[PDB]
Amino acid sequence: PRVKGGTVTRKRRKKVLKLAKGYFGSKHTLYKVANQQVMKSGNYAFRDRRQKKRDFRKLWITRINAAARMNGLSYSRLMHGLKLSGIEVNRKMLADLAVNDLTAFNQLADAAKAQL
Amino acid sequence: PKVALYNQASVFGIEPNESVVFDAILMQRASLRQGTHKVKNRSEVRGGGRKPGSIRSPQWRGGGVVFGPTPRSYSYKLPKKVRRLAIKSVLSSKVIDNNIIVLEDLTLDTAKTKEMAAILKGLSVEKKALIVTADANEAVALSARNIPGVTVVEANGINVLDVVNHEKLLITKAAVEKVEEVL
Amino acid sequence: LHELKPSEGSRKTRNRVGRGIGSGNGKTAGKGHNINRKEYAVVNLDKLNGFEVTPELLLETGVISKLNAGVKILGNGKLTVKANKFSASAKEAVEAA
RNA sequence: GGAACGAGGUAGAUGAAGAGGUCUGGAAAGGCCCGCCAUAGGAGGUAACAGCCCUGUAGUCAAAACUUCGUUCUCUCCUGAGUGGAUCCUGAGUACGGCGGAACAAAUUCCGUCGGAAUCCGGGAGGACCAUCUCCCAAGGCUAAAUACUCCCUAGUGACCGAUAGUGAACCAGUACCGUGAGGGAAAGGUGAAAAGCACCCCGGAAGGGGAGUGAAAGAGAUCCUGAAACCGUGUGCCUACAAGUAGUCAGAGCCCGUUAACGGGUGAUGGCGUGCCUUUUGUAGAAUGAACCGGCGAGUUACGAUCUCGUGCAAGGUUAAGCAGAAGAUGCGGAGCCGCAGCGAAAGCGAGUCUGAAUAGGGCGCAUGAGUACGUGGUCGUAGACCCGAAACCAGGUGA
RNA sequence: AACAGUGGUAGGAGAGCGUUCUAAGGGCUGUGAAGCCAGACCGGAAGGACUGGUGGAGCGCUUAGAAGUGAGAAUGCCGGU
RNA sequence: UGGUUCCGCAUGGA
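Chains as they are written, first to last, in the numbering used here: chain A, 1 to 116; chain B, 1001 to 1183; chain C, 2001 to 2097.
Keep in mind that a hint or two might mislead.
Beta-carbon label-pair distances, calculated as ranges [to be verified]:
#, chain 1, residue 1, chain 2, residue 2, range
1, C, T2013, B, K1040, 26 to 34 angstroms
2, B, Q1034, A, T7, 25 to 33 angstroms
3, A, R2, B, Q1059, 36 to 44 angstroms
Once the Cα atoms are required to be at most 30 angstroms apart in a straight line, the calculated DSSO-like pairs of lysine-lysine come out as [said to hold, decoys possible]:
#, chain 1, residue 1, chain 2, residue 2
4, A, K18, C, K2027
5, C, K2027, A, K15
6, B, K1173, B, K1094
7, C, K2066, B, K1080
8, C, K2027, C, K2012
9, C, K2027, A, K4
10, C, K2005, B, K1168
11, B, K1002, B, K1173
12, B, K1080, B, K1094
13, C, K2027, C, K2038
14, B, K1127, B, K1088
15, A, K52, A, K27
16, B, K1080, C, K2005
17, B, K1040, C, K2031
18, C, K2027, A, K14
19, C, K2085, C, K2072
Incomplete in silico selection of chain B near chain C, CB under 8 angstroms [to be verified]:
#, residue
20, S1019
21, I1025
22, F1067
23, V1164
It is worth saying that the hints were derived from the structure and are not from the lab. Just so it is clear, CB atoms sit at the ideal spot from N, CA and C, and this is done for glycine as well.
Build the full structure now, drawing on both the sequences and the hints.
This is the structure in structure tokens:
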């Protein structure tokens, strides 16, 4: 037979021009340049699910390093004594979420100099 | 297998073919295909030879198609051994589920289609059916052709298709002795 | 006939070229970047073991397909013949039986 | 050289059965519960999908006048032969030689080109050809059928296309246009069941509007079914006038919203990271090539041959062709063929034994150990335009001072 | 059930989803079918399904054989802007 | 170039 195929092309090009909903300028109407910024926006979104895994680390360290300067200790001096005396395996996240409560942090900070 | 027929050992036994049975059905569909489809070309298009390369090309909208189906015909054949070992097997499906119904002589007098509707009511057959009669009973063939479900078959002209579609088969006993002789 | 399922491993989808980038072979479609001489065929001696051993009835039994000139009897195997050409081995074998 | 009896062909005639009851609708041919016809449920219309609503079909019969076939008569015509080869006949510039061409050692074919014969005891051929032997009579002329092909004309079928397709052409198309001329060569389908196609009122010069009417629908009003995208707009939630960015992506307040209820939706001040896409190259960000955008169309499989895998039937036996019967069909009927069951030389012969060879010694090959075969799917490799697209030239027939 | 393993072009092998079509059956549609526009759902991908509007005549589904192919690139061709 | 029962168009030959 002969197959025209008109009902299969637009439903393959809506689903690209729906994922571009919100781009600047022409990049949410023209199919020819909305396909590039969908094939790139799935590529950054793989590359930047690895940086937010590793750039929340530089957040939690910088807050712990400031919360340790209340007691004279730097970050390297603190973590070194946090594994010796204390057997806790506390995350650098959960040893940072308690920064708000001075009392809490202080208690754990007293053990740092206990084995230092 | 022999009962009291109806008054209103090698053909249909066991060990169904399967693969071969399907093969026979695949070769019965191609033949029935008439195959008369033709399309133009780049050369048989009433077109120009000069440069406007050429005004009737494969990429041009005015020209024909590159490939395209041409006047052809597909007619293959099974062997003779695989052309008579399947008609028993589709018969053999019917001895299983009692889809064979055997009658004596197919009693008729005239061409009244009102009689056949009483006969289909009498044999309690509902959907499409078969009629096989060995002598081309003219009262049978002139009747029932208008009744939509059924069809009559002169007993030599049985084939592997109509046994599958019509799924039940009113047979005269006089035709049963003939069908072992050819196969 | 409602569910005519074909035998497994009897059909295979035809390979296509240029109908997909991940399917394979789409960009370049996987194409890179004497005169007279009589012959009595071969009349095996073991073919007559199944059995008036004449060539007239030998061609009707299936022993002899084509009929060329005459018919020679070979004594390759081990088991009233009226033909023409007979191998030494066969002759002795026919007289030994 | 005529005349009757049939079959046709070109015009038609006849033709069975429901307003079933009820539901929704603009409108039943649908549903729902019923009845009926059939040698007839093939199609086409009917306000929606009809067997019974029509036009028709199956059936049967029909043509004054033409023609087209035949059967029969009129009619017309006209010897077959027993034995004798006593004597004549049986196809003369030919059967043949030389010279040179052509096209199927070398006939042959066939022309010119000059020579050139006998003939029933005969004559001819059986590969440039010499002696036996079979088959047949040259140089007179006519001959149907079975085949090749269609501009056409009837009846019909499509695993054919459905308006960028199918013919170039569904439409006042070889037209409009282009060219002195030969020649080239388009574009363009759709109101509605019906024309019921807008009486009248209002603004305006009119077009075009707004009401009113028609209609099931005016969002159906003449390029009029459905009406996508690019492009152009008008409103409205959130941002934006100290900011250097392949424009996105994670983190992220604030603000506005309520979903196919879900670790919601829309915007996003600001921080981090981030040299488009395809083709090609040793190699890209390139200024190496290509695209203004959107939409449509647009490039590896068809019978014919080889070879292997798979599937299947039968299996040391497997298989039919053409063709004739049967809906252009399966299916029979066809045993003419092919392939296989076994081998070696540049030239001939037995058989599990060799070709070159005194050789009973080396070397050659092959079995022992044995399955093909008929189709089918796919894989490649072929021959033909053979991935698709794309030169300059060459020849034949023509048109132009 | 424990291990072992999973970058990848040329290229090789395997498993799938779609687009028209003629039938064996089975079944929705005028209480509204295709097509069109929306959406904050489902599947490992190609892709499916359900509500809502618009449309005024048809479509579709496991099951088998065929497919005039499923497009973003040709200094592509026709139309529109 | 020459060795050699190499074959030899119904039956004999080259």
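Hints versus structure:
Roughly 30 angstroms separates the CB atoms of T2013(C) and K1040(B), a value that falls within the hinted 26 to 34 angstroms. Range check, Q1034(B) to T7(A): Cβ separation about 29 angstroms, and the 25 to 33 angstroms hint holds. Remark: the range hint 36 to 44 angstroms for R2(A) to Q1059(B) is contradicted by a beta-carbon distance near 18 angstroms. Note on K18(A) and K2027(C): the hinted pairing holds, with a Cα-Cα distance of about 28 angstroms set against a maximum of 30 angstroms.
Between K2027(C) and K15(A), the direct Cα distance comes to roughly 24 angstroms. Compliance with the 30 angstroms bound is thereby established for this hinted pair. Using a Cα cut-off of 30 angstroms, the hinted pair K1173(B) and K1094(B) holds, with the two alpha carbons roughly 16 angstroms apart. Annotation: proposed proximity of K2066(C) to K1080(B) holds, straight-line Cα distance about 22 angstroms (limit 30 angstroms). The straight-line distance between the Cα atoms of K2027(C) and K2012(C) is roughly 23 angstroms, inside the 30 angstroms bound, and the hint therefore holds.
For the given pair, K2027(C) sits about 23 angstroms from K4(A) by alpha-carbon distance, which is consistent with the 30 angstroms threshold. Distance restraint check for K2005(C) and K1168(B): the Cα-Cα separation of roughly 21 angstroms lies within the 30 angstroms cut-off, and the hinted pair is therefore satisfied. For the hint pairing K1002(B) with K1173(B), the CA-to-CA distance comes to about 10 angstroms; that is within 30 angstroms, so the pair holds. For a cut-off of 30 angstroms, the pair hint linking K1080(B) to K1094(B) stands: about 23 angstroms separates their Cα positions.
For the proposed pair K2027(C) and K2038(C), the alpha carbon gap of about 59 angstroms is over 30 angstroms, so the pair is violated. For the hint linking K1127(B) to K1088(B), the alpha-carbon distance of about 23 angstroms falls within 30 angstroms, and the restraint holds. Between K52(A) and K27(A) the CA atoms are separated by roughly 27 angstroms; this keeps the pair inside 30 angstroms, and the hint holds. A threshold of 30 angstroms between alpha carbons decides the hint, and for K1080(B) with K2005(C) the separation of about 24 angstroms falls inside it, so the pair holds.
Under the criterion of a C-alpha separation no larger than 30 angstroms, the hint pairing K1040(B) with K2031(C) is consistent with the structure, at around 29 angstroms. For the suggested pair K2027(C) and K14(A), the alpha carbons sit about 25 angstroms apart, so the restraint of at most 30 angstroms is met. For the proposed pair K2085(C) and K2072(C), the alpha carbon gap of about 5 angstroms is at most 30 angstroms, so the pair holds. This hint holds: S1019(B) has a C-beta 5 angstroms from the nearest C-beta of chain C, less than the 8 angstroms allowed.
Satisfaction of the interface hint for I1025(B) is found here, the shortest Cβ-Cβ separation to chain C being roughly 7 angstroms, below the 8 angstroms cut-off. Hint on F1067(B) is violated. Least Cβ distance to chain C is approximately 13 angstroms, over the 8 angstroms limit. Taking 8 angstroms as the C-beta cut-off, the interface hint given for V1164(B) holds, the closest approach to chain C being about 4 angstroms.
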